[PDB]
Amino acid sequence: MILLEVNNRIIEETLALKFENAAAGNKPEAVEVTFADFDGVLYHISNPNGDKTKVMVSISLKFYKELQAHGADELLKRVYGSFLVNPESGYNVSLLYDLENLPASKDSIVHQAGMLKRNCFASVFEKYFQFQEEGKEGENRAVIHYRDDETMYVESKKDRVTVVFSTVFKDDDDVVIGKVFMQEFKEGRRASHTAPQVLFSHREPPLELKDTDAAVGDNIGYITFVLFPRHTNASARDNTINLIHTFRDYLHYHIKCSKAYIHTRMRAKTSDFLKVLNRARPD
Amino acid sequence: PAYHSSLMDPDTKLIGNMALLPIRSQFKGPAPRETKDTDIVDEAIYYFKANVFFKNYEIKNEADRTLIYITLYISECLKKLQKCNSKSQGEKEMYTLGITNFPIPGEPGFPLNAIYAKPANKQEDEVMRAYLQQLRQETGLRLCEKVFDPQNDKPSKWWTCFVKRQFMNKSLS
Amino acid sequence: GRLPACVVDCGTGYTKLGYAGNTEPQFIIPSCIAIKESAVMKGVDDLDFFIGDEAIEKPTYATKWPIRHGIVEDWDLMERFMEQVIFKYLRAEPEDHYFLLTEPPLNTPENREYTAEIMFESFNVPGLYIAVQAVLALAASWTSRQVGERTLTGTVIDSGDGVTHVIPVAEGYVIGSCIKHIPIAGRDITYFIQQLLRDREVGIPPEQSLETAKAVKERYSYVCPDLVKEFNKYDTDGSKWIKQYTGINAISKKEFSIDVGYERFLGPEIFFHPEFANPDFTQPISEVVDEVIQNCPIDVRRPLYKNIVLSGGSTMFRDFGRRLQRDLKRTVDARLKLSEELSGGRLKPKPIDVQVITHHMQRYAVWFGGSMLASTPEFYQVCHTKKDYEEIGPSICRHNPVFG
Amino acid sequence: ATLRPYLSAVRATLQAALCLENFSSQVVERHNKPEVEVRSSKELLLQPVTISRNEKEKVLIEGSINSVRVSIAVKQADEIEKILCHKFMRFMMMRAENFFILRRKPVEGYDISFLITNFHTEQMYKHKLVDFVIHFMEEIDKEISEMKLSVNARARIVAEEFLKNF
Amino acid sequence: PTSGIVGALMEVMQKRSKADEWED
Amino acid sequence: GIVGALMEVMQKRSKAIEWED
Amino acid sequence: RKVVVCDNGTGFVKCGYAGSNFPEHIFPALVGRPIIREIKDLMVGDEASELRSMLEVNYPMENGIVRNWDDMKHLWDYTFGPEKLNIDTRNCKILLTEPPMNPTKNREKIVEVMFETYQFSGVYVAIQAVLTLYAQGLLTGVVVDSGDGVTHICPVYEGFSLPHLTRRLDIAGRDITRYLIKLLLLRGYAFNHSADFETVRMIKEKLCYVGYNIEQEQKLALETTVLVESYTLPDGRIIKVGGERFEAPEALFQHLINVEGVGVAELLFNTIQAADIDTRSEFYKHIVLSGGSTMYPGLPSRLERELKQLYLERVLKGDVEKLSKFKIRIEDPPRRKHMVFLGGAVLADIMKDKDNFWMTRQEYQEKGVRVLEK
Amino acid sequence: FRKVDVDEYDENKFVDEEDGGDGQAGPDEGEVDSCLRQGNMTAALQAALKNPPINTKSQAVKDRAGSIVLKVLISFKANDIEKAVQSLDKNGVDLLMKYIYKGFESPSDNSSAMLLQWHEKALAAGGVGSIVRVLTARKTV
Amino acid sequence: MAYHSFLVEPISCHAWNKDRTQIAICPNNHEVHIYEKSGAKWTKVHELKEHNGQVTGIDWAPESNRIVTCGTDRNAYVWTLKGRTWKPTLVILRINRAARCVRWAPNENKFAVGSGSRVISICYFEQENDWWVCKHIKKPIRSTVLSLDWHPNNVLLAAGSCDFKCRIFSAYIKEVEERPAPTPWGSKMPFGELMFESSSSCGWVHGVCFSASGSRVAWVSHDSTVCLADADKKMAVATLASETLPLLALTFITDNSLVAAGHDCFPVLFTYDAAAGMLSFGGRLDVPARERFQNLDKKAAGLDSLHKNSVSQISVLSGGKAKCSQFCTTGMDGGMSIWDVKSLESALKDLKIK
Ligand SMILES: Nc1ncnc2c1ncn2[C@@H]1O[C@H](COP(=O)(O)OP(=O)(O)OP(=O)(O)O)[C@@H](O)[C@H]1O
Ligand SMILES: Nc1ncnc2c1ncn2[C@@H]1O[C@H](COP(=O)(O)OP(=O)(O)OP(=O)(O)O)[C@@H](O)[C@H]1O
Ligand SMILES: [Mg+2]
Ligand SMILES: [Mg+2]
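Chains as they are written, first to last, in this note's numbering: chain A, 1 to 283; chain F, 1 to 173; chain E, 1 to 404; chain L, 1 to 166; chain U, 1 to 24; chain H, 1 to 21; chain R, 1 to 374; chain D, 1 to 141; chain W, 1 to 354.
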């Protein structure tokens with residue numbers, strides 16, 4: 001797995017199982033599930049008031065109020081419509097599914113159920129993509145605090161759309177590894193002349209988002225994606241949002257996986273170092 | 001554990017190291033009379049499907065050595081019954097399997113010469129040959145009824161599935 | 001904090017994984033990993049591996065089983081298995097979650113410490129707790145008596161796919177001197193049932209011989225009171241007891257069907273007569289449990305006798321515990337009967353109270369207990385932190401202060 | 001370029017330093033200790049010596065009547081080399097029970113240290129051990145170069161695998 | 001500490017529990 | 001007696017404390 | 001002559017004859033009754049140890065003191081009876097070893113037992129904290145006896161050891177074995193204090209030692225792995241014993257096992273210091289070790305070192321010039337294990353044909369509580 | 001009070017001697033520079049190996065000497081080092097080793113590169129035993 | 001070149017009986033094994049189990065047929081062959097550190113045990129008590145002792161230590177022997193008198209040995225030197241620095257020739273030229289046409305010699321130290337080897353003794 005998946009497996013298998021059992025007319029199963037996703041997300045699948053025929057899937061994001069400000073509710077209204085109900089106590093968005101009353105093609109609703117996080121995150125991107133499209137230059141930038149100490153800045157321009165991640169490396173060894181990875185994205189348009197131009201800065205922010213409570217640090221770094229009309233267009237919009245918003249975790253995933261491979265090397269050589277010692281031993 | 005013979009009577013005679021238990025048979029031989037409905041051969045068949053899996057077996061008394069022998073022979077019937085095409089043909093070959101010369105306690109086994117006693121004298125020898133024969137002929141007969149199904153006169157797989165399994169890993173063949 | 005802990009029970013056959021608080025692990029996948037055949041390989045081929053069911057028949061991949069008899073053999077592969085548990089299935093940002101991992105009971109200092117590293121240095125987890133199955137099964141069983149009592153003293157039968165152990169426990173820790181193991185486990189029953197089917201049934205496609213044997217085993221066998229009386233029921237009645245299962249042939253997609261009968265009660269019987277499938281072992285499980293308990297200290301035997309808890313998947317056959325309690329109060333008083341018939345003043349002591357428990361939470365024993373422990377506040381207090389792992393060093397994962 | 005002559009020197013120094021024998025403590029009754037570690041009997045310590053290839057790579061050898069302590073400053077061209085070295089020395093030190101001759105922590109200001117007692121020279125041949133340490137010095141430089149190229153290589157693939165999909 | 005596990009399991013049953021040919 | 005011959009048996013441990021031509 | 005000797009240990013009985021050089025019989029101080037029906041109604045010593053898995057066995061000696069006078073009689077019948085000494089007690093003198101700080105109730109009862117129930121013509125009660133000094137040649141000195149149950153201390157000037165100079169440290173062999181279990185527990189090995197006491201006792205005997213300088217033993221423990229040693233258990237499993245080797249016996253010197261008091265060296269110092277100025281000198285140069293728990297490698301060095309540290313910062317009050325002058329002898333001969341018998345054998349021999357020494361049956365018949373002639 | 005030690009005032013403990021220090025001197029500066037300007041490098045070497053400050057405890061005079069000997073060794077060449085090592089006696093060869101090992105402790109200006117070559121010739125001349133006597137020596141350079 | 005591997009761990013020390021039929025060794029532990037030769041084969045006949053730590057010295061008194069041992073447990077035993085069994089008698093060395101080496105005197109009336117605390121213990125048998133008494137030679141010893149060898153008169157005694165010097169002492173015990181007649185070493189020989197002390201700067205002293213007639217003492221140190229003093233030349237000290245690794249054991253084979261062994265793992269010859277007053281290196285005695293070939297080392301080393309590890313001891317089997325024809329070496333490789341000198345002279349023709 002190189003690309004991180006967008007859809008949630010626990011949502012899909014819970015629903016696919018439930019919907020397969022409804023389509024046979026089997027007894028409705030009781031369910032109570034509390035699980036997470038990346039970026040501090042907390043899900044909850046349950047039966048409201050003990051009513052087994054109804055299956056509620058709720059999600060809670062600490063920065064939903066910020067997404068809501070950029071048209072989250074109307075996007076979710078499109079996608080789910082009838083399925084979307086009032087949010088469960090404590091959560092921001094809840095879907096309700098009646099097991100007595102389901103569609104023929106079960107695969108459609110289940111796929112969209114598993115993408116409850118993601119739609120959340122494509123409200124701010126859809127907007128700034130069309131600011132650029134219509135040519136509405138000089139608008140306010142967005143500031144999404146997707147982690148407690150990390151920040152995404154989205155900003156629309158004459159010809160381009162910039163997305164800046166202000167990410168943090170807890171481990172000091174990760175700063176040095178991450179740097180090597182970021183350096184690659186620098187010489188990255190050798191592959192695609194069309195490529196998102198990717199800029200990197202190690203401590204201080206770039207010229208673009210000056211001041212505005214900047215968070216300089218030794219363990220901080222600012223990755224800037226310069227997207228263009230090509231990647232912004234309606235035809236390639238959803239693909240771009242799917243990659244770009246998983247990028248932070250893709251980077252950190254690969255740092256950790258890189259270190260895990262280093263381990264298998266170190267096991268090899270270490271193992272080869274006790275063979276030579278053992279040979280000195282005279283029976 | 002394994003199943004033992006519970007027909008050990010105070011006044012039971014013995015040949016070699018086996019109990020000379022009565023049987024209700026039509027085959028002539030040196031077996032005593034029996035006005036009952038049960039005997040060592042019924043006990044052996046009732047117990048067979050279980051005992052055959054066991055490898056170890058403690059011998060509680062002389063009646064068990066008779067029970068063991070029949071159990072072993074039951075497996076020799078199943079090997080021969082497996083190929084038959086009718087309950088009538090099974091009887092032909094169970095007659096033949098009785099007549100077949102086998103080994104007794106003492107001769108090259110009979111692979112249990114450690115546990116059984118040798119039939120010394122000239123009387124104990126000729127009587128042992130004939131009592132084992134009467135067991136072989138009566139056991140073979142009763143098995144023919146039990147093994148064959150009511151349709152097409154073929155052996156039941158519920159007796160043929162035991163054909164490869166050996167009691168105490170011993171065999172008369 | 002406000003996102004619960006991850007919980008993983010890694011077994012020989014099956015890894016159970018999910019988040020703490022839940023009643024049952026989110027996933028239950030086979031504990032295998034499929035990789036390339038031609039292993040000096042460059043590129044990113046290390047990242048090329050599939051897990052669980054989608055790798056139980058992978059065309060061009062070699063299926064590898066990194067866990068043998070409870071204990072980890074291959075740490076490189078256990079390292080990667082964890083990578084996908086965390087990032088594919090759990091989708092836990094590992095830096096944001098404390099983890100609870102389990103260990104076999106007799107996993108030495110140079111073993112559990114090996115799994116603590118390659119977790120605290122690859123996955124950067126903020127906290128780690130390596131738990132023990134001896135106490136988690138006991139905790140899972142308190143969902144039955146409760147009004148009775150709640151103690152960590154009792155004899156545990158953990159029976160899974162690899163190994164069947166008998167583990168006496170006394171107020172927390174495990175005496176590791178009276179543990180006995182039995183060479184009868186899940187896979188051995190499946191194998192013996194598969195054997196019985198080849199001898200008798202036809203039409204089963206060779207590829208799906210285990211599959212069918214497992215389904216016969218997992219879906220139907222149940223322990224009987226007496227053997228011959230059962231074979232008698234089957235020969236007397238027959239139709240009323242021989243059920244019929246039809247499976248699909250994976251290549252031709254047409255049905256195949258077989259008779260089910262003699263391998264219903266015989267399969268689980270090998271626990272009580274291991275000699276049926278085992279040359280090198282003969283001692284029935286009832287005797288093994290009795291023997292273990294009498295090897296334990298005088299003043300803890302009666303407690304151990306009255307709290308014999310069942311754990312694991314191979315303890316799930318119907319009325320397996322009722323047969324287990326018979327054995328013990330067959331043998332045990334038999335023994336004491338002699339203490340009467342061999343003495344006078346010392347002849348009479350006290351009828352030993354034997355009780356095998358049978359709760360609904362059985363296959364989910366270790367994991368369940370772990371999920372409940374990780375839900376509590378004190379779990380965060382007894383967990384080893386990353387800060388301590390770095391400042392004090394990896395030695396700290398050698399132990400866990402016996403809570404209560 | 002100047003590795004060969006430097007190793008030949010370190011070898012001959014080790015050859016003189018590993019002339020040990022068993023030695024009961026004269027300080028503590030019925031005790032036996034590597035005198036180079038405890039240092040409590042001054043007549044039993046030999047003169048410490050360094051062999052250095054340049055300002056960054058050197059070996060310090062501390063002999064005594066029954067024990068020798070070889071400590072190594074390794075080539076560290078850059079921090080990634082510096083963090084990989086620390087990443088690796090730490091790994092081998094954790095496993096120091098399997099290396100019978102490897103020391104729990106390094107002498108201050110070195111990367112890795114060996115502590116070879118008279119018990120090792122008694123149950124393991126002296127020349128082969130010397131061979132091993134020279135072998136070891138060579139191979140950890142190779143292995144770091146492998147690992148450095150490995151990380152660079154998979155960095156390039158991971159950058160392309162992401163970017164080729166836009 | 002043990003309490004946490006006990007007191008907890010007690011709350012589960014308060015809801016989770018809501019849902020002779022053999023021998024002498 | 002005792003202290004008479006016992007002293008000579010200890011003098012062998014306590015110890016711890018004409019030439020010309 | 002016609003004498004005999006008997007050191008009734010808690011573990012082992014050592015008996016022989018006056019002028020013996022080794023104990024002519026050594027066997028466990030044991031008295032087993034059978035549970036079921038050539039087994040007799042009772043078994044003693046070697047026989048009883050041989051069939052121990054079939055008898056409910058009792059030790060009449062608990063911590064060097066007699067607890068069960070009934071079983072003790074059977075044990076004395078065995079020593080004197082055919083299977084060991086085969087003697088007519090009535091035609092024999094006998095010397096016994098008074099237990100360290102034994103309450104005179106017991107001291108009496110034995111004199112009563114010896115004359116009433118066995119009828120010896122001669123009897124004597126030698127001190128166990130003194131006879132242990134006649135083997136090394138001494139009349140006025142200190143004795144540090146650390147065994148299994150307890151670690152006693154008693155100086156004896158010119159033979160007679162004053163009652164009030166004797167103290168105890170409730171830390172010895174059993175307590176160290178017990179503590180080592182705890183330490184191996186914290187190392188991550190699931191031992192049991194009861195079930196695995198014997199297995200760990202042997203680990204202790206085999207591998208534990210006393211640190212001379214803790215601050216240095218801990219640096220070794222922590223910075224190197226030369227203290228790490230494998231040990232194969234009965235079940236086959238191998239374990240690693242390291243710093244716990246010296247941490248376990250450290251309880252003798254140090255609260256480490258929740259025990260009030262000072263620890264053997266500070267105790268020894270404090271005791272010697274409470275005596276006459278002139279006898280202090282003579283005690284400090286007459287310290288004697290005895291018993292099983294004095295065999296830990298480094299122990300005598302550690303005691304020497306610790307006493308010097310006290311005397312320097314507790315005897316001279318900040319002074320090094322005074323310190324050299326500090327004469328001090330802690331003698332630790334190689335056979336610390338058994339001497340009480342060897343001392344009693346020599347004394348009963350050289351005193352055999354004397355008259356005022358042996359308390360007689362003549363005398364006791366007349367009573368007057370003259371069992372102890374001071 | 002266990003911090004204070006009682007093994008530092010032991011009369012039996014080993015002590016130091018070296019009662020040969022009645023002064024000091026070191027390789028004469030001008031002596032070596034007369035050989036050095038002339039190009040006679042072998043004479044320059046034999047000069048710097050005169051009157052080594054073994055007996056002084058002054059670190060300064062030992063450093064003074066080290067500097068002076070090191071200067072000679074740097075000024076030479078690898079192709080002409082062989083002849084410089086074959087003119088010294090068994091005792092001169094053993095002494096050369098001592099200084100070289102001291103030179104390794106102060107490395108800069110590619111001075112270690114030539115030293116390693118000096119060590120190579122020294123070793124051929126004096127054997128491993130010339131190195132043994134470096135480690136064994138109690139009074140050294 | 002007659003190597004026998006008794007074991008694979010060290011032989012710490014060894015001793016031969018009078019007629020060299022039996023050899024006693026310590027196989028790097030608390031026991032001493034005695035092997036008698038039977039035809040071709042060596043056969044173990046006895047185990048002497050009494051020490052509770054590693055045995056560091058063994059010596060066999062030829063005429064009295066008594067073995068003395070000393071070990072790290074601070075003790076020494078005199079072993080006496082009673083019937084079929086060697087029975088031990090504990091000797092109170094009264095030393096507070098490990099024993100290191102032990103040698104009977106020629107007269108067999110006393111032995112010298114090495115201690116581990118700045119002292120030599122001189123033990124004799126007291127006939128009335130049936131008891132081994134021992135007196136200590138303390139000053140001016142200041143380091144651990146490390147080898148001993150007696151002068152032929154059973155009175156002068158050489159010792160090598162950690163103190164950097166070879167000394168000659170008088171061990172004259174008036175209660176067991178006649179006054180000693182004066183020697184080139186001196187006329188005043190009261191107990192403990194220091195007859196000679198070496199001048200050497202540093203270096204430890206691993207082995208020491210007296211000459212056949214006792215006029216000359218030779219020793220070897222850890223600075224890879226060998227030395228010799230002859231009292232005839234006013235105790236003048238001849239020294240020789242070796243190119244190789246330290247020597248650990250030395251013996252005279254003639255009045256002016258030495259054999260020595262150590263960490264190189266082979267014996268070497270030294271000759272002493274009385275006139276020029278200098279020690280001279282006579283060369284390698286243990287030499288590998290065939291061996292010059294492939295000599296492939298079966299992967300199981302590649303080294304030659306008779307031992308695969310340091311030689312720790314060397315002893316004269318016959319001819320004494322005046323005309324030694326056979327000598328023995330034991331080493332840390334668990335090997336014992338036997339050499340002949342006429343055979344060695346046949347092989348290496350350019351080899352000159354005396
Ligand atoms: N319904 C069922 N009836 C009987 N056995 C079952 C059933 N379901 C699963 N099993 C068996 O349970 C076993 C696996 O259980 P589990 O996953 O608890 O063991 P494990 O943790 O992999 O191994 P272990 O616990 O021994 O380390 C398999 O042998 C499987 O066949
Ligand atoms: N080699 C050893 N090292 C350390 N301790 C030992 C050793 N051998 C035995 N012990 C301990 O010493 C004790 C036994 O010593 P001993 O037999 O002298 O005591 P005892 O005579 O039974 O009791 P007491 O002396 O109090 O009457 C036990 O507690 C045992 O654990
Ligand atoms: Mg499990
Ligand atoms: Mg005692």
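Keep in mind that the hints are not guaranteed to be accurate.
SDA-like mimics (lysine to any residue), calculated; alpha carbons at most 20 Å apart, straight line [said to hold, decoys possible]:
#1 A:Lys65 <-> A:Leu4
#2 A:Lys62 <-> A:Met115
#3 L:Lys164 <-> A:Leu4
#4 W:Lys233 <-> H:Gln11
#5 E:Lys386 <-> L:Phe91
#6 E:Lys229 <-> U:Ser17
#7 H:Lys12 <-> W:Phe191
#8 F:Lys55 <-> F:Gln89
#9 E:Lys42 <-> A:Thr264
#10 F:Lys79 <-> F:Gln166
Everything labelled a hint here was simulated from the structure, so no lab data went into it.
Quick check: which numbered hints come out false for this structure? 1, 4, 6, 8
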